[PDB]
Amino acid sequence: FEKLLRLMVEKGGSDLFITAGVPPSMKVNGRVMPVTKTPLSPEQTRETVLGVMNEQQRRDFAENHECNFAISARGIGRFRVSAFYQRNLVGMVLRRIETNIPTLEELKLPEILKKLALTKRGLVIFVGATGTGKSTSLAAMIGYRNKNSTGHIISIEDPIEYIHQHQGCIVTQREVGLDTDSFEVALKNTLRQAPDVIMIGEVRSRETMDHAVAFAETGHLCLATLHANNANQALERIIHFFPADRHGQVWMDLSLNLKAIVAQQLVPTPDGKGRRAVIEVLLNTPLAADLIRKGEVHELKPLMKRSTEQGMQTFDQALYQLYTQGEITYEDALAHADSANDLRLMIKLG
Amino acid sequence: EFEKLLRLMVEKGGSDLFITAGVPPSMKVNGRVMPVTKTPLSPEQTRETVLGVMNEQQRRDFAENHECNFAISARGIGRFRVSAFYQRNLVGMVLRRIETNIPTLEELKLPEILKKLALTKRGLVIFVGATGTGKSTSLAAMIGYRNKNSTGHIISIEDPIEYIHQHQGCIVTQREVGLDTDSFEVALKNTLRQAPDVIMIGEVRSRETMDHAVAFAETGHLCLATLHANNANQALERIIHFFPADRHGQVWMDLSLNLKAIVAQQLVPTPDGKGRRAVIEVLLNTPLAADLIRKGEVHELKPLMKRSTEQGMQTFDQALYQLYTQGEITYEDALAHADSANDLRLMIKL
Amino acid sequence: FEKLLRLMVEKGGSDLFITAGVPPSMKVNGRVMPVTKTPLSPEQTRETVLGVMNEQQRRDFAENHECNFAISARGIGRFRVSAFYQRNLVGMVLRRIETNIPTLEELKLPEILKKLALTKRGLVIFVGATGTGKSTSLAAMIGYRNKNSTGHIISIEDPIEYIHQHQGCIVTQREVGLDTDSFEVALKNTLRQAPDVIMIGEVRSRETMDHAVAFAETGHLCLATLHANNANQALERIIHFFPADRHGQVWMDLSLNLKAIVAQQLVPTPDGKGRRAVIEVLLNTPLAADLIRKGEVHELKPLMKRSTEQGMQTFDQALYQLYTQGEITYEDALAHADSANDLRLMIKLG
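Chains as they are written, first to last, in the entry's author numbering: chain D, 3 to 352; chain A, 2 to 351; chain D', 3 to 352. A prime marks a further copy of an entry chain.
FYI, nobody ran anything at the bench for these hints, they're computed from the structure. Virtual Cβ for every residue (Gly too), placed ideally from N, Cα, C. Don't take every hint at face value.
Said to hold, decoys possible - With a straight-line Cα cutoff of 30 angstroms, these simulated DSS-like cross-link-like pairs (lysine-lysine) come out:
no. : chain 1 : residue 1 : chain 2 : residue 2
1   : A       : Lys-275   : A       : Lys-13
2   : A       : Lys-149   : D       : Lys-149
3   : D'      : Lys-13    : A       : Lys-190
4   : D'      : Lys-303   : D'      : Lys-350
5   : D'      : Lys-350   : D'      : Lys-307
6   : A       : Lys-350   : A       : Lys-110
7   : A       : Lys-296   : D       : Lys-296
8   : D'      : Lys-39    : A       : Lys-149
9   : A       : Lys-149   : D'      : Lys-275
10  : A       : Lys-190   : D       : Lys-190
11  : A       : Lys-116   : A       : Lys-5
12  : D'      : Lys-275   : A       : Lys-116
13  : D       : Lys-190   : D       : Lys-149
14  : D       : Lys-307   : D       : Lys-261
15  : D       : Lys-117   : D       : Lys-307
16  : D'      : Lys-149   : A       : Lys-190
17  : D       : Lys-39    : D       : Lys-13
18  : D'      : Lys-275   : A       : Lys-122
19  : D'      : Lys-275   : A       : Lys-261
Claimed, not checked - Just a sample of chain D residues kept apart from chain A, beta carbon distances all over 12 angstroms, derived:
no. : residue
20  : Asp-17
21  : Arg-89
22  : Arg-98
23  : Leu-180
24  : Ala-218
25  : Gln-327
Just chain D, same shape as in the assembly:
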């Protein structure tokens, strides 16, 4: 089993497949390819899947017919497993935890992210739908701060998607369910670990939101991801974490400590061989803070269209900057625009 893991790391496989009826196959560059010539038997698949679990994980797997966990192989790396029943037979899919962190330039992200990465204190939020590259761009941005500054970075992820090696800053990566019992317990102790930047993998409850706000008030850089399309809907979801009586405080605290909200979309390139990351940037200018303090989240979209000199940009302005660069077609810009008539008016204007 340990030999199959080294082959995946040496060959750069994205995912390993262990199920009955097919040989051990790995997805290398998106192509499922068999590793051996002999398919796995139901007994060998049941012996291989259960052999990776401990006594408690074997109990949860037999009761719930499913079990998702993570493992750490000494000297090889880490990988996330998704075990499952299939046709009343055991099966598991393993995903290698990547370590080669792309840079902000390799992702072709705007330069305002670099200034945000070197910020000393504040709250930065990565919004976007599922799989829009939020964690990918965040880890790329995390590598920028790790390489360009000195300090301590504390990470709480569920799961850890990228493992950053110790560069200029000390990097402590903790995964929920292995290194900590929950997000709340880790963030509660993150303050006493003398961090300089704290990255919450995802804010899913009000307790996670309170810790993120308290992190920024103490002069630390707080980063987190949340599932929302743009900056306006992200603020709407955050305020709904709290009862209405605490909204007045939430609007005031958000207007005081927030630094930026980065919304990310993935639009296909003209050649169809890849996807480009569209970034909507909202910087906390004094006018934006007043709109936040008043809860006038509706007034945010017009304000971002007039302050492009400070570093802000909507999705229509970012798509306008990418279509003029030739990185996206004309049809892809109008289909991905927040307003297909404004983007058509923005492109026709110059």
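Take the given structure of chain D and dock chains A and D' to it, following the hints.
Positioned in the frame of chain D, the structure of chains A and D' alone reads:
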């Protein structure tokens, strides 16, 4: 060995010591993480060093909960608080040095109005300021003044405890959240039944903490607390936002009735660049100030503080004016730190 | 240990202090004074604090780091204890349960309370902030009915603040957590114990409110305390105990059985050596009952200003009656008034 690393931190004045795998033993001296040795720590050495500080029971809680926060006492060196944690399935710990020497108000060169406030019998005193402006340092110095100049019981609820005051004229009960109490709210709820004469809340972060502080002052006890806000006006704005708008009318009335003073603190560098001086903005609850508080006219506070310097009040511009005339700050540092660079330039020229 | 309790009762100490680092000290007349000459060791403090708990209280104290309970010493009296961890060391504060009940005249309460104390059936509610003397004035009023009538008084408190000796009425004092499992269980059995007056220590839930309403319908005198500033806000909190569909019944039941709502404030005397109890009285006149039946709680404040002949009085009318008596200054009246302009108009009018 380990005891030698503690003496080096005390002799070099390190704020925090870092013990984790992948990086050499590093200490945060003056906010800069610096390695102590040249050889990084191995996972076995980090696991042997972290577990070596725990007893048999702390090693059991650490293995079950993946986290363990505790405190230790080294004979002849001092005390330090540790925050152990799992990180990438590896052990790690951060140690924070606890300070036992409590300075005096004269050593901090604080205004004499603080001494009269320290000996007050009942009321609410609030320390405002940005992160690291010496709020807790000046408060502990003020706490040592009341502890040495009066008889009674002082109850302290901190997160964490930054200074440990020995029993002087008053009985000093220091309780830290997470070790001596489960939360700020639980400790303040029981603080009333412990017969205190002065109660110091480490920081007010919610409305429940604010309600207890108000109830503490109504019962004839001296209540002190810290909050993160630049000046007195913004501190009042943040406090009222803790509550829904329907309860604002009561909050303005209660604040106008029990409040004693609001002390805003700024740190300006001395002319020689070798240190920083604490600038103190003092707002005393005169009858005119109480009426402005009862009406919610927080905007009318800044002009009122400029005309009542005889009673003990002073703005940041008046305090910076008193320090620049003393030679404790340059002319450029006064205009850059002034709330109004034109008023301070007019105050100095007058 | 039993000798230290007798010394506190013989010397009239308000609170006894048992913590490491200081001798056993008692707060007599507000002055913390040491009893012995030798301070207590951590082992002696740990042996004294844990020695008062049973096996279960020692388990809750070790797990939660805090434990509040009550004890009964045969032949001495009762005292409430608040144990706590402090600097990872045990400590406890003991408060003596007072038995010398002040009378209504000693508290200088209005005579309408005497007529309310001798009432046969109905609901009387003591409102006020934390520590406004609600339980103190109630126990004083309880001693009036106990001494001036014959019957059975049933008390459910959490905790019992005053212990009334058997006078004209039979006095059964039950404390939650020692004499009963909960407020609901005690009130459920209070009906089958043939009472004539039932005092609920505090109404904190709807189940407690339902029992109080049912107590008054059965021809018994029901008294209870709740935390609210005045009569209007007390009614708002009571109706919010119930869903909106049951509000129509609650308004009708309140208009039918309620007798009075007594709001209490504590204003300092001119000499600054004490505090005087300000009492806002709202009597259930037919016009008030109609405003209650319609839910027009807003219409209550104007009605109380016009029916001073029946025994009602607002906070502004009571403060007007105390300022004319010389028991409060002119500045203390305008600062504590519900309307500083109406009280200024009430005082200027005569």
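Against the structure, the hints:
1. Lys-275(A) / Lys-13(A): Cα-Cα ~17 angstroms, so holds.
2. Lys-149(A) / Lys-149(D): 49 angstroms, violated
3. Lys-13(D') / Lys-190(A): Between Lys-13(D') and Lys-190(A) the Cα gap is close to 28 angstroms, so the pair holds against 30 angstroms.
4. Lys-303(D') / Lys-350(D'): 21 angstroms, holds
5. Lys-350(D') / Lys-307(D'): Distance of about 16 angstroms is within 30 angstroms: holds.
6. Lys-350(A) / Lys-110(A): 25 angstroms, holds
7. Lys-296(A) / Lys-296(D): Holds, at roughly 21 angstroms.
8. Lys-39(D') / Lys-149(A): 20 angstroms, holds
9. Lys-149(A) / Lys-275(D'): 24 angstroms, holds
10. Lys-190(A) / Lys-190(D): 21 angstroms, holds
11. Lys-116(A) / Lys-5(A): Violated. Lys-116(A) to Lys-5(A) sits at ~40 angstroms, over the 30 angstroms cutoff.
12. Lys-275(D') / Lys-116(A): It holds: about 23 angstroms lies between the C-alpha atoms, which stays within 30 angstroms.
13. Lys-190(D) / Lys-149(D): 27 angstroms, holds
14. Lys-307(D) / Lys-261(D): Holds. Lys-307(D) to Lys-261(D) sits at ~18 angstroms (cutoff 30 angstroms).
15. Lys-117(D) / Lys-307(D): Between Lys-117(D) and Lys-307(D) the Cα gap is close to 20 angstroms, so the pair holds against 30 angstroms.
16. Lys-149(D') / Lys-190(A): 35 angstroms, violated
17. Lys-39(D) / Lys-13(D): 17 angstroms, holds
18. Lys-275(D') / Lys-122(A): 12 angstroms, holds
19. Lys-275(D') / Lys-261(A): Status holds; Cα separation ~18 angstroms.
20. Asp-17: 21 angstroms, holds
21. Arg-89: Given a closest Cβ separation of 33 angstroms, the condition holds.
22. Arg-98: 15 angstroms, holds
23. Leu-180: Its Cβ does come within 12 angstroms of chain A, the nearest being 6 angstroms, so this is violated.
24. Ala-218: 10 angstroms, violated
25. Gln-327: 39 angstroms, holds
Against the hints set out earlier in the document, violations occur for numbers 2, 11, 16, 23, 24.
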